[PDB]
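Shown here: the complex without one of its protein chains, the others still in place.
Chain IDs A, B, C, D and E follow the sequence of writing; residue 1 opens each chain.
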Amino acid sequence: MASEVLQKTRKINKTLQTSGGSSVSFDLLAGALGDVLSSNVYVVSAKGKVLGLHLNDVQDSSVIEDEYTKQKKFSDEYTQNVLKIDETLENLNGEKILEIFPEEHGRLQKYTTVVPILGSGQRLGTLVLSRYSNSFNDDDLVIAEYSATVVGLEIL
Amino acid sequence: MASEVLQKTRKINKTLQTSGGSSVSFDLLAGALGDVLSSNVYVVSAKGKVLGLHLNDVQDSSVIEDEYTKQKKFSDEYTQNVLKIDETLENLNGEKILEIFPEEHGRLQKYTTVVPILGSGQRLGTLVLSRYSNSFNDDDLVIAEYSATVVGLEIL
Amino acid sequence: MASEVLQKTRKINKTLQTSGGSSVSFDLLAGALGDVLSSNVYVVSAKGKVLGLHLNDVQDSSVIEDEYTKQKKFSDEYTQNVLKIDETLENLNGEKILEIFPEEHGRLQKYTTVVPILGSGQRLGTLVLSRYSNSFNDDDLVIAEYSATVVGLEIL
Amino acid sequence: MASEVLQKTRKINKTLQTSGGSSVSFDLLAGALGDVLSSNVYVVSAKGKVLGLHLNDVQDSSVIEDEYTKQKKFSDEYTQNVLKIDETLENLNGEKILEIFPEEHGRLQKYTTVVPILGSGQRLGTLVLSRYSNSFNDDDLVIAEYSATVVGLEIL
Amino acid sequence: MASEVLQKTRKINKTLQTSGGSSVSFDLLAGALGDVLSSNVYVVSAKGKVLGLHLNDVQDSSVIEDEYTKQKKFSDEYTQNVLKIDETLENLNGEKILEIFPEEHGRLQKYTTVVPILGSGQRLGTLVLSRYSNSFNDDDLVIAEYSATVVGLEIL
Partner (left out) sequence: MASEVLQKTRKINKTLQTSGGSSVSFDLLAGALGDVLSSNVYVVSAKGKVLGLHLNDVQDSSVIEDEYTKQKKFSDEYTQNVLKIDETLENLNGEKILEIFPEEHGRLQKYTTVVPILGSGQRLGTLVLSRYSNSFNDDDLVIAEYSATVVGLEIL
């Protein structure tokens, strides 16, 4: 059996070899968006990694922690489904939400907008915004779309 | 009075011009370290921002949220105090803790280690580790000092 | 006296040793702004360098050529005056224009908006937009200010 | 219909999602070469975009502005034709020119040199030099080829 | 025939076009490792380039020079064989060395450790450590593995 200090080194190095210990985080942008829009905000990489998060409604989170790697992500199905949206999809509600996010069966009154994140004309991730009561308008789409473009510039 | 959309744009742009809306996070590394050392782990930039966090003992957290900017940080006092430590300070306990972390009245019954984070021989931050019951030993310090070294490689 | 090839090599290398002989250009963004706002657009570094330019009204250009590099720039007075402006100045018209841009003598019926370009809370340049006939509104400011912010992210 | 502000935002974002709205200008280098060679100098990406320009003879420019982006470029013909040259071609004069540059109809007395720009063993671009009266010699080629090689270094 | 200056310019440029005339080196890390492990240390890219080297025992080096690129490297068979090793291989000694390194016939008394270098869960290279007399222990492995991991962070 490897010595304890070598086993622990190996666990740290697996974490490193996977990620660089270091992740880019758009939590500050997601929070500002969340505040202005009173919304759950997810900044999701194309591979499904949650790079930024703000929860207005903590009970409604679709974030899952990878049991093995501890990395915050969307499910495999959620990850794939958002990539099928190639232009902004606004005000998804109520049963139509299940076409894209099948596990939303208590949350179908919500308005959800999905914004592709593109950098150098490539699909790099997705911005997901969702709230109760009030549909998003075009002013909200301005903010959402330029924020997504900014993420794209920072991940590119 | 500015239109609602211009007011919200200006909020987003304050977040962006400040941070971008981006940050480097060391939560995965802090989690692995916290796991293998059974410790509270804080990766704290030179200016006090908490870039990586793991809480083994959640009630003992010394993180505060900035009112105005929203960021996780140490207090000015804590921020300045950890910069006075220029080499690894291991197993700070019980009343000596108060020199560095004065708000520790109830937890002088812990072992706390402070490790400078250096990159290109410049002080970029500080790694703080704290736990109950067992003092840190030299194997623990190997893990902690190489981890701090890695953080410094990734901020630099 | 050095051979002609060596003299010419030396001149080229002076250019390379200074700059590379490379700069960053925002002409693509300045063109897109200029199109959507029907304006003359200048992206000006803090030191006075015109990094992006679009002319809707070619006759009204304030661009001058640096004697010793042919680099496009603002005059020293224009350069220093725009740095004194620390927030968006919208719809500068007609004679107040002269407080900032003193050589605007047959162009005072123009509307000019001046947007600081900030990155990481630092002043890195300025965006200047000018057009005839129609004042800028708050929607125009949204576009101007988020474009200025993007420049700040790309220079930073 | 999307609101005006949203449509303009979307135009700005297409520019950014594309290019960012940023380029890298070899105008400085082109100018230095243009000066020492008394030449029109074109630094042209593999895809035809004019990244640097100096005009000793302004009437003779082959630059066109893209109808949409307004980006300076060579025609599709000129762009594809320069990629047919895999080694330096010096002193193209006046009937061999029609094979590569067909719309040089009155400029057949000119001496034109085409130098591939190579970097990390890929063809990244082409440097085009042209002047009247004086053929280019091997000293000129030294200057031109190292300059092309440095562009190759700075795109790569 | 090209003038001599041109021909020599073209040789230099072929090196600059290829590599720049630059590599990333890990000699300083290899030297620190070789000192605290009294070992020959090889930092080897997956393609076989020797990026870092320290020789405690100069006569035993396996480094060869590529005739064309000039780069230090391992032989094709050494290169391919270390890539088959997917976990740390500790204390290769005796005849078994020959399964991995077939040219070690005068040197079978040595102990060799082979550590994969991984970066973002991809195989980027290999760390090779070798010495006489003393087997490597677990503390040696800690140092070797975290050093390998840091190479991976720096090549990634």
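We adopt the following convention: a contact is a pair of C-beta atoms (placed from the backbone, for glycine too) under 8 Å apart; a residue touches a chain by one contact, two chains touch by 3 or more.
Peer 1: Write out, one label after another, the shown chains that touch the chain missing from the document.
Peer 2: B, C, D, E
Peer 1: What is the set of chain E residues that contact the non-displayed chain in the whole complex?
Peer 2: So the residues of chain E touching the unseen chain are 4-5, 8-9, 11-12, 15-16, 18-29, 31-33, 35-37, 52, 54, 69-71, 139, 142-143, 146-147, 150-151, 154.
Peer 1: Even though one chain is hidden, which residues of chain B still touch it in the full complex?
Peer 2: Spelled out for chain B, the touching residues are 118-121, 138-139, 141-142, 145-146, 149, 152-153, 156.
Peer 1: Could you please point out the chain C residues that touch the chain left off the display?
Peer 2: 2-3, 5-6, 9-10, 12-13, 16-20
What we mean here is this: only the chains that are shown with their structure count from here on.
Peer 1: Which integer distance in Å separates the CA centroid of chain A from that of chain D?
Peer 2: 42
Peer 1: Which positions in chain C touch two or more other chains at once?
Peer 2: Chain C, residues with two or more chain partners: 5, 139, 142, 146, 150, 153-154.
Peer 1: Please list, in label order, each pair of chains that touches.
Peer 2: Contacting pairs: A-B, A-C, A-D, A-E, B-C, B-E, C-D, D-E.
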